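Read off the chains here:
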Amino acid sequence: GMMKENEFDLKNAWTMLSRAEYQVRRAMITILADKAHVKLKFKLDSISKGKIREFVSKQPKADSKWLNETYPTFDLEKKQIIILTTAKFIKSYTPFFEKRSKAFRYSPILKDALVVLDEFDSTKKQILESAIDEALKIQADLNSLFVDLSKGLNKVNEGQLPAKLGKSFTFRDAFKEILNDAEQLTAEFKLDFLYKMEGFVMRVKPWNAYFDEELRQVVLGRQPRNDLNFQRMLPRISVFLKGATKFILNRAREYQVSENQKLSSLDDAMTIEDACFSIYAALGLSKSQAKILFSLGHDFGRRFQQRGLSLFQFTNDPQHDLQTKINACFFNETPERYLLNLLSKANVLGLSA
Amino acid sequence: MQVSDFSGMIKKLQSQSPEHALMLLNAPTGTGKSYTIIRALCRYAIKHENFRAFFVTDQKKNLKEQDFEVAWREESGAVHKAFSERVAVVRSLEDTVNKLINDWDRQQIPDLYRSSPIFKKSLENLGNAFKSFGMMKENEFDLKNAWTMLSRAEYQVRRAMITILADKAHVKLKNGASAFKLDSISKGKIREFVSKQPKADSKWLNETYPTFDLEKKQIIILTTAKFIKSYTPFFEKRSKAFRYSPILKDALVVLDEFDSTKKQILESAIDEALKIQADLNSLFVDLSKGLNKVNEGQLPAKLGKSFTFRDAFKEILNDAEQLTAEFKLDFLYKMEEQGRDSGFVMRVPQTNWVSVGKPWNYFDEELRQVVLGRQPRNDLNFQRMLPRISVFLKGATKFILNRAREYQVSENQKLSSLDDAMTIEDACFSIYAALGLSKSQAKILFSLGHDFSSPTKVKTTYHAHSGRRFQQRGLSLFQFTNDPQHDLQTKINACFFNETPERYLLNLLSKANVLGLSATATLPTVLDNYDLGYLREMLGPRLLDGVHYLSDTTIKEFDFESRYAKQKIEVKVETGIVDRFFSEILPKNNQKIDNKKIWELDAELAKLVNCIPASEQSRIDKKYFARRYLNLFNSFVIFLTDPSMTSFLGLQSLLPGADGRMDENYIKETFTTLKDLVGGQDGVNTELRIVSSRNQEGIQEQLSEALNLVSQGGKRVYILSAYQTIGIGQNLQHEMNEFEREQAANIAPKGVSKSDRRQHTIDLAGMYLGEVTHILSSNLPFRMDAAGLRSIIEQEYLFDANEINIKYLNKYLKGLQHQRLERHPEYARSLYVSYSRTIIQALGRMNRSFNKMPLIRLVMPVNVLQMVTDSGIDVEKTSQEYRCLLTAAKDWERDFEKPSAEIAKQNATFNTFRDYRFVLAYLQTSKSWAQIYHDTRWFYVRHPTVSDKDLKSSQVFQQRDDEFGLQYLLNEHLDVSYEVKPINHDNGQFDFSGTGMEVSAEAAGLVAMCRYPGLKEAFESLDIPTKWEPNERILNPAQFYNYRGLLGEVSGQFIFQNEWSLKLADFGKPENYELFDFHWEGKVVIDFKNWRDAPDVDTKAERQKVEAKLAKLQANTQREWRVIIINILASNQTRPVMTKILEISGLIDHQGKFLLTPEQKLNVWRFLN
Amino acid sequence: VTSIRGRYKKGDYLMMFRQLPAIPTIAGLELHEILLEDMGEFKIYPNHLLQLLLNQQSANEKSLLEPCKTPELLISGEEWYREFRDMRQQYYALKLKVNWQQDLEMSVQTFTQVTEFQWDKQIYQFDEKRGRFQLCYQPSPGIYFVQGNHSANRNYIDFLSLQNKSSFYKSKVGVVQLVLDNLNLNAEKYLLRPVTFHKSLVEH
Amino acid sequence: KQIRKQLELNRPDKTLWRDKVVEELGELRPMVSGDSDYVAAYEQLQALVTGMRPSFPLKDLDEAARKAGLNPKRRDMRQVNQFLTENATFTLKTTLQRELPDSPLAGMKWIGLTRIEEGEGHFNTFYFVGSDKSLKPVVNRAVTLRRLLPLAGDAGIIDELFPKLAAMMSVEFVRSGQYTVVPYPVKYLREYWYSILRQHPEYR
DNA sequence: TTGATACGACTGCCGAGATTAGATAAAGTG
DNA sequence: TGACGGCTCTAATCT
DNA sequence: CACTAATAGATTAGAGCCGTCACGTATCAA
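Chains as they are written, first to last, in my numbering: chain G, 1 to 353; chain U, 1 to 1169; chain C, 1 to 204; chain E, 1 to 204.
Check before you lean on any hint, since a few could be wrong.
[Unchecked claim] Away from chain E, derived, C-beta distances all over 12 Å, residues of chain C:
1. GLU66
2. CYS136
3. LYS172
4. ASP181
5. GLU188
6. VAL202
[As the list claims (entries may be wrong)] Incomplete in silico selection of chain C near chain E, CB under 10 Å:
7. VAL146
8. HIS150
9. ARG154
10. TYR156
11. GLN163
12. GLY174
13. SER200
In short, the hints are calculated from the structure, not lab data.
Note that CB positions come from ideal geometry on N, CA and C, so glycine has one too.
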């Protein structure tokens, strides 16, 4: 309250309040665990969680009422009607036992659900505003991100990987075609060699790029020698990344369903953000690169609704002077595609007027 | 104490520019050395106009900005520049914001900025941010974020002022934000514009921002924490680091309170080491791929050409390529089981310690994964792989650092804009990013070699050798964590620690002269002061001394012994020996005390020690607190029963609090009761004043109020506090009263000015010295946090200084495993030196006036008397009362020399064993290591006993640049024979006091070797001596093992190639060249084994080893090989036994004759052919 | 305060007052000052007086007669203390009582932690200074306790230990000796002969 | 009381004065007068004391003696420890677990019979059972007193049957590794009654 | 040259203070 | 269903 | 935005617990 009176960035105070609330949340678990026939104080997220939920379903009469009214997320799978505002519907929720907040759009809870959209006309501006902040917040270098993905993709073909994930990949032939496409265009555009500099570039006075062997790099200063139409270099890499990310999303879905099926449990595992992030972390990619790849991937007609906007911006830094980071901002999730994805996970209603 | 001495010292330090020597000066605190050095530094800076100086202290109040300005005003020539222009203080961000806001409140801001609306808005935003930062500090903390907010607001304010400055200077700033990269020339226009401005606004701007023109600054005053940290340029958004800044070149950093800086440097290094963590597997794979990327001609021209120019690059490539195959690091590690406690694996330079339970361990092809689990099955050796990866990473980082410096100097000589260029943190980061690593990977791989190197190629007459291992390899500890984010692999979080405070000081000494000032600068302790032995070893002539540049009169005045003796100021010490009762802390001569009051006092004491806050099963022994309370109350009684005890200063290490450990109210009630009980007519007017941070008033305010109560009040006071509260300085002197003027002693020498303040005041008449608190961090449990790292680093420091053997280290590590603290080391000179340093600093504040009480009294517990020492510190350069205390501590002594020598011997043997184990692990991989091993063993054999000079002058010692196995023992009596008792023969532990194993030529069989005809001529041919000439250095048992091995090798080669008349060709193929000794006709293998004592335990283990080596050899050569092991000497009957392994009990007896010629010849000839 | 209670009930509590207060009149209570020569009228045998003197004692070595209101002497220190996963502080004391046939009973009493006052149940508060539990008649600052031990593991106090004096003092025999020596010292006047355990001769 | 007195003598952190201890041992020297090894060990300890600092905890003296070879298990050092316990103000080891003619641990170690007055002329008879082995540093449980009440016959029934009961009580099968508090045929009766209870739920 | 009987079975230490810069990082409405 | 045996919590009994 | 209300003890009697069934070492008899 004092912080709110201060008119300040609510991030620090929100984190402190979240810690304070997590303390009492954990207190509830440590009270319930020894009460029920369990202990071990993830609190056995496959076994003793079920024991806790069963214990709080048969002995309590009024305490269960308070627990359900206060903390609905304690046992969400058995909850029937989920009334919530759109902002919380798109800004994730904090599970009872776990500390990290799982996202609504990916939770197995939303599987085969019926989502009534009251004031559905207003679920457009919120989605667009959240998407634009998400796109602006997460940035990565296109050149490093592409080459890192190809090395991880080449890792699959050449054995390696835990096999559990390896099979699915060797099957479904297109895995080899994306790889030979990558290897083919890597030689064409020399992304193996580090770019060099000496304004935004929107997509739906120009720059060129040779390959001075002496320098063993490529220049991009304007004196047109061997312009391979770098302006066409950008879209080829973009579309390859899109296709590879869709393929990785499909493999992540397969690995998700497999992992959840062998680990029979109480509807709580592998929220398919974890699946894709695990796939990318096994492939040798950074956290930010994994985030960008998943954002590009989650896409499974006009020009905007087909490929969207892709703005690029060069930069330079004394911290890294021998290379130039081609920073890429990507936007492909228009609100219509968000509605379509929510339409794949569940089905919507139209109470708007 | 004269300014000329300090000026000459500065001149001498500046005269050693090509070498950057280090200066240490130890003088008592009561001389005002800071003021004198300020005056001298200011005079020199004013005179030379090209000289830089960094006055670096610990605490803000010791900066003495006003002293600097008054000295500048006093000695600022006759044509002068503004003090704010030349000498400026680099404050921290908070302090800068605080000063800016305070100036805004009292309107010190010039009209140029205050009239700006945009700057007014920015400053209002800054004030709003600070009013929160303040509250954040005072509240929820996690202040890292807060700080980022404050830095952003301050940068916005700086942007506003630079914008208006450019607007008024006719400079156009080219413009999701404007690129505020003002051209070097625009910076020049701004600087000359503020120069042309009136003096007031330019003075304010220079005072509030020293970074505006830092190149023109000459003397920079800043705290140690800020100096080791970074700073923000006035124009540049990000922050440059002082350590890498070009401004440090040919500078003179002055470290006031030199010894106290090590604690701050070490804590900062620990915090930064823990802040940076990375996944070992990923980091290694990405670095290896980058190292393959350079060696395919894919990198730009500059890096690729320089990288391939050296063979070390190819060696590192081969190392990585074979390491990947050895430990299968192309795959992923997945600790499938959910460990009840994942724990951490710490790799000290002594052992690979695991936090809990069985050490982690196999490749699993059918599942195509590495398990990394706690099961007996382990193929790929993990505990080997973690050190193996760490060493390769360190080497690769050192190589990359060298190439980065080459590239930096290249680009710097290329560019013409000198003012702002690549400063070597930038070059390393650029190279790492060019390889393809992320920012976190770049940081973790740059914090490994950091900057320490051989300075390209600079030959110097000195050789920097050091046997200490913690300061060369450091400690690295790893953590295993698995998260639902990455279910496939398990992240091995690795955090390293290499930059010790001594290493940081040495790196600083590579670019700037360092002058150190402290009362105890040269105290030989490795806990609070720098490792003086390590610095001396690595510097040599660069470690100069300060006493050579002081007047003899100052040294004579430092004595104070003759004055005290002449005026009959006797110092008497009283020891306190109490067990549990009050009866022995009260005067026995009197009897007026009724036993009922004593019984009540004991009952309240028992209740208070029962009130002790529950610990985590540490088990409150109501006894220690009772002892401390009784010692304090004995001090109270002694203070009350002496009318001449005008002023008194009790010094515990606990500030009294609300709990029962030290209870302020209980202490006050006990003091009042004891006054009423035993005072009678002597302490009818006494008073106790507790000074602490608990009280709202400042420490100086409370001390002044108590001393005023003494002086004008007329009553005697007792001051009680902690050692850490009353800092060095903070003089406790009070104006003399009528009674105190009636009896005193004016120590002032004849001829002093009668009107002098120091002659008009008095010092304390008595101090009570309580027990000293934590010297070696006592903390449980050993988590992976700052406290645990500090404790283990303290233990490693003690081990390197040769003060604790491996036995104590292993015991302490096992104690950490079970969360049970162990006993402090009994014989550790650093511990007692730190104890005496604290007590000396406490006593140094009683000799700051010319007048003295005729009887100074000192009271302390027995353990304080026991823990004090005299080693290392000159007696003449300390307070006279400390001399009396030392004289009265002659009974309570603990000898250091003999146990310290024994521990040094054991540590030398253990380090030699560890070096040989390490080189054995790396034996077949590298070629340089094999050459070093061979040369070292042959020097071992050629020089069983060597002199110090003859050892240093050797080529192996010269080329190794560190003690690798060449750490001989210290032969004190020049003995040719010494006997030791082995303990855990597989860990290099040897108790040198106990007998049971001989290390001599006779023990190695060299005399029996001599009794064989023809071996003498071969030995003299190979320069191998036939007997051990007496010398001042001798081999250690770990060295003796390889001595025996090579002696047996050569003797067996000669004997077998002479008796059998066949040539044994040594294995000339590298990998098998260090695997087996000799071969012949490509089908037999000969491996002689000289071992005399030879514990017969588990010979089948030796069979398994030799068969495994034979199988590896056969797999290498695809041929049938037969091994013939031979013992050169045997005290048992000869008896060959076959199996392809052949066996021979012995070849020559103690008479040097063949044992069983017919049968042995028949069997060997039959099987071999 | 001790408890006179017998099968032939003529009283229910005995109050030892240094200065007798104004005796009030409350329905359902009969309060009347008595004399020790008429102490036989209420079946007050010479054993509740030793119980009063015992109730005045303390576990600490070298203690005195401190006034107390708890009818029973319950001795517990910091060693006999443990916490649960709910951080429920659970001490266990050593109840000392002299029965009607002049035998000392050293039964172990276990106390559990309750947050709020219970007006219907007995509430106990640990007097840390005197190292013994005390009855709580009104809400008081501190942490309240109630009799009972519902956790799985029991609580046993060692009879006697000879490891060292400190360990000896934390056993039944050691605590009894501490209390007996204290009582024999501070209440020297009140007993004609000291409190000692009855000596007997072994026959076979 | 005697256990407290002896453990005070053997207290580890008990500070001692080198001069005082040396003088006390010198004055106690004439009283030793034992065999060769006993007096030799006493003189060795006497000469050892002078080595340490003027003041020291008793643990330092104990460790110095142990290092010098004065292991308390030895026959010579045990007599020195007993002599110090009986006559000196300190002792390195206490003679508590030792079997002595009048031990403070009497009644906790053997089987015997007692005759408690329990008032006037009733002459109540009891017996106890103790652990045959030497007592361990800690003893978890006390040893209860059974009662011997002659239902029929004169008072000599106890005096003539108790040796037989004690003989029956010295058996190993009834109680593992200890004496049995009651005669062994009680075990037979208990097993036989349990066998009946297995078939007759009316008595369970 | 071994089969008894009387006694050993060892736990460490014991705070205050002062100086820095450090990307981040959510989802709110009475 | 190792079993003996002290003894501890706790339900029972008793106003 | 909200609570007020206003509450057997003391002493035995028994089921069921833990925990102790002693162990490695100097040492006199036979």
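Cross-check of the supplied hints:
With a least CB separation of 22 Å from chain E, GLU66(C) remains clear of the 12 Å interface cut-off, as annotated. Taking the minimum C-beta to C-beta distance to chain E, about 32 Å, the non-interface status of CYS136(C) holds against the 12 Å cut. Its closest Cβ contact with chain E, about 8 Å, brings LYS172(C) to no more than 12 Å, contrary to its assignment away from the interface. Residue-level check failed: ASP181(C) sits 8 Å from the nearest beta carbon of chain E, not beyond 12 Å.
Every beta carbon of chain E lies more than 12 Å from that of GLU188(C), the smallest distance being close to 16 Å; the non-interface claim holds. Non-interface call for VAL202(C) relative to chain E: violated, since the shortest CB-CB distance, roughly 4 Å, does not exceed 12 Å. The restraint placing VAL146(C) at the interface with chain E is violated, with a minimum CB-CB distance near 27 Å, outside the 10 Å limit. At about 23 Å, the closest approach between the beta carbon of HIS150(C) and any beta carbon in chain E exceeds 10 Å, and the interface hint on this residue is violated.
Interface hint status for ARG154(C): violated, as the beta-carbon distance to the closest one in chain E is roughly 12 Å, over 10 Å. Given the 10 Å rule on beta carbons, the hint for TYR156(C) holds: about 7 Å separates it from the nearest Cβ of chain E. Annotation: interface hint on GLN163(C) holds; nearest CB of chain E at approximately 5 Å, less than 10 Å. For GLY174(C), the suggested interface contact is upheld, since its CB lies about 8 Å from the closest CB of chain E, less than 10 Å.
A hinted interface residue such as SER200(C) counts as satisfied when its beta carbon comes closer than 10 Å to some beta carbon of chain E; here the least separation is about 5 Å, so the hint holds.
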